[PDB]
Structure formats: C-alpha cells, structure tokens
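Shown below, as structure tokens, is a lone chain in the form deposited in one PDB entry; questions about how it binds or moves come after it.
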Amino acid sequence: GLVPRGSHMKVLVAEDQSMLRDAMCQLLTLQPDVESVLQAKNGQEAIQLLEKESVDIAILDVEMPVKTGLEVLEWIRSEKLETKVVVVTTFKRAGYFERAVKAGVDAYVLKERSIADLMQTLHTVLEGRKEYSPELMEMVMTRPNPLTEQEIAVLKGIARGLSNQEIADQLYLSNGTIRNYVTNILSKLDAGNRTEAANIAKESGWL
C-alpha cells in the first residue's frame, strides 16, 4: 500500500463548513510534504473533481450536501482509484464508522484531532497503514449480551453436556423449541456446532 509520494502529496479536502475547509486547505498547502490541495464544498463537487484528475489522498467530511463523504468513499472504491481515503468528522456514530470500514477507508478520525494529528494520519495512510479513531474502536468493540434469557439457560445446559431433549425437560419446553433456540444461538455467536457456542459465550462472559 506504500505510495512513495510522501514528500509531494496531492490531496483533496471535501468539507461543507467553509471556514474550516478554507483553513484546512491553507495549512495543508503550506506543508512541505504537500504538492497541492483540491477543495470541495460537498461530495458531488469532490466526485466531479476526481473524475478529471488524480489525487493521492482524499480527505472527506461525512455530513455534506448532495453526497456524503461516505458516498464519495464508496464511489472512489467502485472506481478503483489509487487514492487513500481519510474521513474527518465531528460524528462518533458507530454506524458511520462501520460503513466506512466496510468500504475499506484508510483512516477515520474526529475533529477533536489537531492539524498535526491530521498530517500524521495522511503520512500513515500513504505509507499503506490504517488509522482508526481510538474512541470509535473502543465503542464498537464492546457488545451487549446478544442472548435472550432462554438462550442463556440452553447454553448452560449445553455446557453441562445435556442433550436438547434433556434441556427441553429442564426448561419445560418441547424438543423442537430447544432445537430452534440452538440454531438461533449458533447464528448469533458465530459458532459452528453446539459446544463451540458454549465456550464462546462463557469465554465472552455471558452466562
């Protein structure tokens, strides 16, 4: 992923707040490692600019008129451009972050960061590495217990070596009902058989 243009990078900035866009572009332009900065007020402008010339890094706000930076990210990847993408946003919504990562964003950082932080991010992605907001990583790495009350009881039974039929009896349900829960439980815990499911939910502290 390393693009050996760290001393003369061509970037684009899409950001709909005009005072921030202007200030970002002025300071990037002054950096010795930056060759040029293309500026876009919204995601449709970004895309139009990227249709007509190459950039090494696109720096994208999420919330913008017409097309969001997430939509631009997806366009950039669908076009197979040789362009790193750095999302810079105010928003800590987990869904935006997950969407960016599913589109292979190179970095996702918050407007809590400084310009110096941003310059580091741009060198990191151009050298083929990723940078993900620590706060957003944390947020997303902590999951609820995904299991219903019944499913937990089943798993515990499973742990003790019980058959579905034995568990059925214990919970005063039909064998068919227990088999349904197990199916459900395999899918939720991304486990394969019934004993993987059991160590998965215990090791993740869910019983």
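Numbering follows the first chain given and starts at 1. Residues that one form lacks are left out of the comparison. So that the term is clear: the rigid core is the largest set of C-alpha atoms that superpose within 1.5 Å between two forms. Compared with the form deposited in another entry:
- After superposition on the rigid core, the C-alpha displacement between these two forms reaches 2 Å or more for just one residue among 70, 50, 57, 147, namely 147.
- The chain behaves as two rigid parts between these two forms; the smaller one is rotated by 164° relative to the larger (C-alpha superposition).
- Listed in sequence order, the runs of 3 or more residues present in both forms whose C-alphas shift by at least 2 angstroms between these two forms, with the core superposed, are 30 to 33, 138 to 207.
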Contents of the next structure:
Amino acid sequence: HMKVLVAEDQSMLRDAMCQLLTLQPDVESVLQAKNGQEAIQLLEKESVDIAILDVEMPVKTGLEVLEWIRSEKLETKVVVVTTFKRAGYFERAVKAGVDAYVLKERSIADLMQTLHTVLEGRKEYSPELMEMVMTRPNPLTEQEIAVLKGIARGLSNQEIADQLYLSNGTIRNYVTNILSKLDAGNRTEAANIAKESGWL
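Having looked at the form deposited in one PDB entry, could you now put up the form deposited in another entry?
Below you will find a single chain and nothing else.
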C-alpha cells in the first residue's frame, strides 16, 4: 500500500512521526529526510503517495519542497507542519495546492489523523489557525492596499501620490487610515503586518 515521506529536521519529531507511521495499517514503507534538498532527491528517486513536510527545515523549506512537487506534477499528497501562525506561510501553501496544513500545537497522533483525512481525498486546513487568523481578514480598501504596497516597496508619500495621480495630502490620509485599521504605530509596522499576513 502507501509510501510515505517524512521530511523533518528535528530528530525526535522525525523519529516519532516515522514510528507512528509504522503502526498505520495502509502504510507499506516510510522514507525520511532531514532537509528539503534531501526530500527532493528522494522524490527524484521514488514514487511517494503522501509526504509530511516541515516548513522550518534548513537548506530548502517544506514550502519549497511542496512547490517543487507541484511544479513536477507528482501524484503526491502534501501535509505541511509549522510552528508559525503567520497567514503568509498559509497563503503560500494554498497557492501551491497544499492538501493539509497543521500547527505544532497538535500531537503526533493528530497529525496521523490529518494524514488519513488527506488519503480519503479531502483537504484539511488547521481549524485552530483558521479560527485565529481567518477570522481577521484584510480590512483595507483596494486603494489603501495600493498605498500599503507602495510603502512596503520603500516609497515616500509624494512618490506614492504621483504614481497614483493624487495629492500628497490624500496619501498621508490613506496612511492614517491604514495605521488605524491595522492598529499599527508606524508605516513600517503597517507593511510588516501586511507582508507577514500575506496581504502582499
């Protein structure tokens, strides 16, 4: 039956994921890698049905591995695990068609449960992440977003104004509105918040 890849740089996480996979009835073989470049190389070697990929791997991250798998059109389901709650990581993973996304708030047993969900053909985005992050969507208007992108690119207000055909005045306002909606102290915090959040 199933061939499963674990790519996980933390020795205890890796060994525990592998050891619980050996108890799953529909698993016939387990492959492991401690970084993303090693994971890609095993994917060049062997057919894999499902892979667990840790976003915090060195060399190449689990998001890069996911993207490579999808670029290659491999018939491999992908479960990504991460400690971080940044929506930007989640967004990046959704853009590459991740099958499941799990936080390290979860146990190894929970992770196995997600593995079966994905094997039965369904996606599974972390409930608790969705509760924490998705319930606070981008409040910015299309214009406010265009301004914020300007700021993140390092533009001044006059520069932003000229590009958009608007008064220097109007831009500082937009900025004021952005800082308020994002409860941010300055232009830089504002942009950081949107970049971390994947608001571009």
